[PDB]
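Number of protein chains: 2
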Amino acid sequence: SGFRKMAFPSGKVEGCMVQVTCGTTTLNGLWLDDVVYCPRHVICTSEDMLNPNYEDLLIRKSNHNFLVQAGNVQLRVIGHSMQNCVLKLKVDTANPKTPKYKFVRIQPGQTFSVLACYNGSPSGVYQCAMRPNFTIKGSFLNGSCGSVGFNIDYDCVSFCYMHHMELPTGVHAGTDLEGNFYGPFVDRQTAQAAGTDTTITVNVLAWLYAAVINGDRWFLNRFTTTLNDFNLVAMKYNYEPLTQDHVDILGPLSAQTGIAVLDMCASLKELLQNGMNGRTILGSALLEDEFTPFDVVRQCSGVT
Amino acid sequence: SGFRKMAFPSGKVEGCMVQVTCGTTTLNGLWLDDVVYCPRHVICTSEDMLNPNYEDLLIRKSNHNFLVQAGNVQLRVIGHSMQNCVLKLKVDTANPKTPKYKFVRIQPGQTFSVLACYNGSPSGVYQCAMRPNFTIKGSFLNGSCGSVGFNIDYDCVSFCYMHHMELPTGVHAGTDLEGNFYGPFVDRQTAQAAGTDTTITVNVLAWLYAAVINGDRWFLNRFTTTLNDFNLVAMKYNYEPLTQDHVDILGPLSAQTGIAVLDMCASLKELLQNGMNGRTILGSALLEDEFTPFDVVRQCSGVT
Ligand SMILES: *C(=O)c1cccc2[nH]ccc12
Ligand SMILES: *C(=O)c1cccc2[nH]ccc12
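From first to last, the protein sequence lines stand for chains A and A'. A prime marks a further copy of an entry chain. Quick note on numbering: the first sequence equals residues 1 to 304 in the authors' numbering. Quick note on numbering: the second sequence equals residues 1 to 304 in the authors' numbering.
These are computed hints drawn from the structure, not numbers from a lab. Heads up, a few of these hints could be off.
[As the list claims (entries may be wrong)] Calculated pairs, DSS-like style, for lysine-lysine (alpha carbon to alpha carbon, straight line, at most 30 Å):
#, chain 1, residue 1, chain 2, residue 2
1, A', 102, A', 61
2, A', 61, A, 97
3, A', 97, A', 61
4, A, 100, A', 88
5, A, 102, A', 236
6, A', 61, A', 137
7, A, 100, A, 137
8, A', 102, A, 137
9, A, 61, A, 137
10, A, 97, A', 236
11, A, 88, A, 100
12, A', 102, A', 88
13, A, 61, A, 102
14, A, 100, A', 61
15, A', 90, A', 100
16, A', 137, A, 97
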């Protein structure tokens with residue numbers, strides 16, 4: 001028993017991290033097969049970031065200008081191209097540590113692990129969720145750009161995120177591995193305000209199921225609700241509307257605990273309306289929303 | 001910016017995990033050089049755990065009874081010995097993935113990462129603290145025994161914990177890598193109640209400094225306090241007494257923020273006395289105590 005904000009083992013990703021330098025800018029790159037993926041803003045100076053013309057800036061760069069280092073060994077760059085907001089640096093050597101991998105574009109509410117890196121070296125790993133406003137609440141300092149988000153299914157690493165920037169509000173924006181930003185964000189230093197950060201209702205419910213499975217049951221009540229009634233309360237508290245798809249996804253957790261999804265929604269409704277009254281759930285004093293129903297099943301069953 | 005409960009990159013430890021089976025019991029082992037370390041309760045049946053005589057149970061076991069598997073390859077056991085509550089299985093092959101390592105016995109209040117494993121396979125990584133009552137609040141299911149806790153300093157892995165058991169209260173107990181339990185716990189299925197789980201005051205203060213560094217400042221007040229006055233409040237709230245050693249350890253954080261340690265203690269005192277009033281600090285609605293002052297500096301500076 002016990003329930004923790006758990007990240008995937010980072011080893012498969014650690015073997016892919018490299019350092020990319022272009023001019024005076026150093027960030028991280030992801031080396032998979034004979035391609036190194038990195039944010040295209042590696043070609044910018046802090047001054048260029050105000051209004052950069054990436055195509056024009058890239059014309060002044062040749063293969064020899066991208067310095068790619070894996071550990072202490074230099075990789076030879078034999079090609080470069082820009083795909084959306086990422087650069088693809090073709091190198092002459094396939095990464096021998098390349099795991100089985102996929103590039104996936106995740107939906108808001110889905111979780112992933114981040115391997116924070118600096119100078120191609122890993123500093124730490126933590127679990128994130130893509131927020132409904134397409135930002136992530138990470139831990140990234142200057143030099144962390146190019147650090148990636150991923151999920152692991154047995155031996156396959158699904159890369160879903162690459163770090164690009166911090167908004168003036170302290171939240172983070174990045175792209176999928178095709179270089180398309182999540183949300184409306186652009187790789188420019190301009191007024192980019194994030195929209196409403198709503199709570200991921202289905203994840204909160206999944207975490208309430210995890211609480212019951214791990215012994216915390218004080219919040220269970222004698223009530224039930226309907227999807228429409230619950231959603232009226234969810235609207236009031238800036239929670240995402242719960243759908244029948246969400247109810248269906250919570251089916252296995254409902255089956256394991258014997259608590260019907262709508263009964264758990266009524267517990268959640270009372271928790272939103274009355275608060276925790278100084279109590280905690282799974283060591284938290286707020287309703288946690290960065291565990292998907294898949295994460296709860298995975299952690300509660302011990303999938304490796 | 002941004003502050004997360006971050007674990008160390010787990011790759012160096014992933015390469016050390018193996019599966020150990022003895023009879024019908026399968027748990028994890030740690031393969032370092034030509035020795036595999038695992039909990040001695042691998043030789044027990046669930047029935048033996050009530051009152052096990054480990055020396056007598058071990059007499060009935062030979063080298064060929066300990067099945068050690070690294071991935072899908074079988075390791076040959078050429079010796080076995082019991083050191084305290086761990087078994088040391090000498091194998092004929094040195095682990096080629098052995099990192100630079102140390103075995104350290106940590107003090108209560110210190111943090112470490114845990115690589116949860118099942119059948120020698122990693123499932124996830126999370127950050128823990130050794131509680132003042134010598135338990136850890138982990139996420140461990142049956143089969144996770146032998147999963148280890150560690151810290152990393154550049155290329156050296158300092159192993160500090162090996163998982164052995166869950167107390168009837170849902171908290172976890174384990175040993176250092178010499179097989180000595182943290183706290184008064186024994187590898188027996190008996191009434192083992194944990195003592196008072198006090199809050200790690202110096203860690204809470206370090207996390208308050210992290211909050212100020214990352215933009216959350218609402219809790220800063222116009223007050224100061226003394227070590228003795230603060231400790232009277234800390235006693236009342238089951239917080240560990242703050243010492244001058246703790247103040248000294250917070251020196252670099254005090255210097256970086258310009259907030260004197262005792263002024264931060266006065267903010268903490270007001271937070272204990274008045275609560276959060278429905279507000280949050282670094283996305284938490286309670287005072288976080290599983291970040292040491294070293295963790296805060298490390299994460300805020302980006303050490304790899
Ligand atoms: C990313 O790593 C990044 C973003 C902004 C500024 C900066 N300087 C160096 C690297 C960066
Ligand atoms: C540890 O992994 C462990 C503890 C208690 C019970 C159990 N059965 C198999 C393995 C275990």
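Against the structure, the hints come out as follows:
With a CA separation close to 29 Å, the supplied pair residue 102/A' and residue 61/A' stays within the 30 Å bound. With a CA separation close to 39 Å, the supplied pair residue 61/A' and residue 97/A exceeds the 30 Å bound. A hinted pair counts as satisfied when its Cα atoms are at most 30 Å apart, and residue 97/A' with residue 61/A' qualifies at roughly 28 Å. The straight-line distance between the Cα atoms of residue 100/A and residue 88/A' is roughly 34 Å, outside the 30 Å bound, and the hint therefore fails.
Distance restraint check for residue 102/A and residue 236/A': the Cα-Cα separation of roughly 53 Å exceeds the 30 Å cut-off, and the hinted pair is therefore not satisfied. Restraint check for residue 61/A' and residue 137/A': not satisfied, since their Cα atoms lie roughly 33 Å apart, outside the 30 Å limit. Proposed proximity of residue 100/A and residue 137/A is supported: the alpha carbons are some 28 Å apart, at most 30 Å. Proximity of residue 102/A' to residue 137/A is assessed by CA-CA distance (about 34 Å); at most 30 Å being required, the pair is judged violated.
Pair hint residue 61/A plus residue 137/A does not hold up; C-alpha atoms about 33 Å apart against a cutoff of 30 Å. About 54 Å separates the Cα atoms of residue 97/A and residue 236/A', which puts this hinted pair outside 30 Å; it is violated. Of the supplied pair hints, the one linking residue 88/A and residue 100/A holds, its CA atoms being roughly 19 Å apart against a limit of 30 Å. Taken as a hint, the residue 102/A' and residue 88/A' pair is honoured in the structure, with Cα atoms around 16 Å apart against an allowance of 30 Å.
In summary, the hint linking residue 61/A to residue 102/A is supported, as the alpha carbons are separated by about 29 Å, within the 30 Å threshold. The hinted pair formed by residue 100/A and residue 61/A' fails the criterion: a straight-line CA distance of about 40 Å is larger than 30 Å. Between residue 90/A' and residue 100/A' the CA atoms are separated by roughly 19 Å; this keeps the pair inside 30 Å, and the hint holds. Using a Cα cut-off of 30 Å, the hinted pair residue 137/A' and residue 97/A is violated, with the two alpha carbons roughly 34 Å apart.
Going through the hint list in order, the structure does not satisfy hints 2, 4, 5, 6, 8, 9, 10, 14 and 16.
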